[PDB]
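Below you will find one chain, with nothing else, as structure tokens; this is the form solved without the partner chain, and questions on how it binds or moves follow later.
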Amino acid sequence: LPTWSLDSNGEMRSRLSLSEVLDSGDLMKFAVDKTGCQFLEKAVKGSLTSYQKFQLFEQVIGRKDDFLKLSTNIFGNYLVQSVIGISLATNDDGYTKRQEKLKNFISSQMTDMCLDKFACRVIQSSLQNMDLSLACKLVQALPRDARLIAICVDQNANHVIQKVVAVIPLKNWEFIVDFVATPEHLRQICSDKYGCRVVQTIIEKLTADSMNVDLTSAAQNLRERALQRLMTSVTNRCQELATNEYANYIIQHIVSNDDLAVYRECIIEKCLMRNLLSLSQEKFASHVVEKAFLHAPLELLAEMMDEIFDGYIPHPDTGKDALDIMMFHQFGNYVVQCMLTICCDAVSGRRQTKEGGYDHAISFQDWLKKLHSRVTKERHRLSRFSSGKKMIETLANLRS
């Protein structure tokens, strides 16, 4: 940093004024230095004369190249965000030009910035602080090709998409919904550590839940359709997503949320029914099977219960059935525990048994009797395992 600003022992002077720095032409040097940038940070949080503001506007966010340089800088990016805030607060004659220029700078370099660890932070705060019409233009600058995928699955850039989803009306980012819905994109993005969070965030935004009551009816309609398009695509690839190490959380999210009930039933019918035994044996899909049991509508839950109890032919030699296999399987045991607990909740009053214009209590009692009889019969083998001991305990707790 500038020698004129240092003391005898090579350290930044203590009585340095913001104006000295602004007048010196050496701001860029301070802004990329930790000590210098922090001094600037504190200095710009206080009172500022009009000229001080004017200079900061020109030197921090007035020229494209210096703007990118600081936005991509580990320290500088904070000063950029602070100066943008001040610019937005300053309604002088230059307000409109400064804001348009900031739109242009970011837009023209949108992809480059999104992917940069530090510039993406500048993007995200700009999206929620800038006038909405200008923030909307930033969204428009997002790429529509393979770069969008990279953005969705980047550990830093994914948060730009999530911010867009949070603070920008849907119409501006509808293209992302459809982009992600493409069979090949859906596969990649959902099967990615970060991308699956992005898809979930999208689904949540598209959900007609309590958080969306402020939407106009026209906007709800826009949302309903976008949700329906994305769900169609998720449903077509339900099997692949359910068994995937990352996308299974998405299927779980849809199956678990009452506000997505219609989609819950689709998914269960499309990839779960008739596959319950095999999926209960999958590391990742076993968690989806549990969610389905927990949240299926009663009529469908009866089919699921019937599939486990009666749906499969016992082994030709040993007589082992689906229930034997699942009870002792490293992943299947959790599903059977889930079925048991559902039944105990139902007959214990902890779970509503009325639905579809009828009291299914009789059904839960039947299922429970089956499980109890199985566990009674196999108590010795079962008690060798934590899972078996848990079920035995669950049943004993029910008696009393």
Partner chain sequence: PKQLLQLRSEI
Given for the second form:
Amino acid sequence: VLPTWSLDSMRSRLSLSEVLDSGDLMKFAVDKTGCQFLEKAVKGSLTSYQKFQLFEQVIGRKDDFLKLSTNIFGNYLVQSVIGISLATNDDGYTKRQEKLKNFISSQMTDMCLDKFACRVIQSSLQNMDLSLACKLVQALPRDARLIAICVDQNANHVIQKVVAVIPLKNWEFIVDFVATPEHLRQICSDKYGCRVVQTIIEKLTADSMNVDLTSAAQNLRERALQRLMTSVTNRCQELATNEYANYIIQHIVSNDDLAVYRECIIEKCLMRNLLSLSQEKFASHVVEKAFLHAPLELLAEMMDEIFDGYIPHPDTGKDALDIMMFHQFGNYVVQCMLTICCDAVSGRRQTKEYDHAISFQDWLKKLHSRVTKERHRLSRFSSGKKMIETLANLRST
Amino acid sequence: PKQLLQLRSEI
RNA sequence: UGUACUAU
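Give me the form deposited with the partner chain bound now, not the form solved without the partner chain.
So here's everything in the complex, that chain up top.
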């Protein structure tokens, strides 16, 4: 498919200038062998005219730029030429970057949803001058196509790149779009949509990676976090039990810099539902994270619910501990409760937040007494073996 | 399968 | 004894 003047009975002394002068660059850039050569050729020594030809033939013609950006091989050359254009501070630098934004902006949604063109979008978002990259964010769709971008395996990384390298003032509309209850439901029910929400939450958190923000930027960040968190906690039960969004609830509940939302999550959808949620494949991990990071006043309510919150079965006498200890998912919650109590009485976890040290001793004594009485049944399972050994190493220390 | 138990009161 | 994502 390559032109015959370059073919070998590709040659060996084929230079980049031969390809640029010939006008056949589009044929090489879509062929695997040809584009691999162009990949290496543009890394060598380029004269000013050679850069000029590359700037016109690769990122100067909209239709050719689109064809190469959506190409399996050609998209690599576009990213390389964009880098050379951004690295060449000649008199055409401004005109080239302005034209490149218009090329991308005019086909934002189609390029975003494309497997290879979305790589060109991500490269431009993080490499172009910040003033020009913000103009790309304005070209993002605001309707259902934005949802299609967030739930696409490839397009979702464009939004992730926007979140990572663009100031929040330019993509605050994405937060409000995701915060819309119907949009949050559809996005957080998708494995890739959850990755978008997770990245946005991390960016909107006042953690160590955001101390460089100004006061105005921090205030804008806190406003967007409250609007998204409000919509998140209203679907708290749906997200905590979802196969993908349960990781998001785990993060909100475990992240230290989101501690004020720990209380909101636990009381809204976890309290008075610990036994049921502990028996779910996905919600049990959230229950684990809640026990591990709950404030001591709320941890007490959680422990009392497992120990004394449920009426035992009227026929057998099974209580909540009897059910969770031998459930395929609930046993991990009990192991977590035991580990928490063992860490407290051993000095590994601070008990003092009143001093809840005596509270941890009551729960440990409850767990120790039950594990002692059920040691034979528990010794059949790996979880019971862990619990018995967990209590065993404590008595030695 | 799930083994659910009736809750107690909070008063 | 128990889940995602990490995409040319």
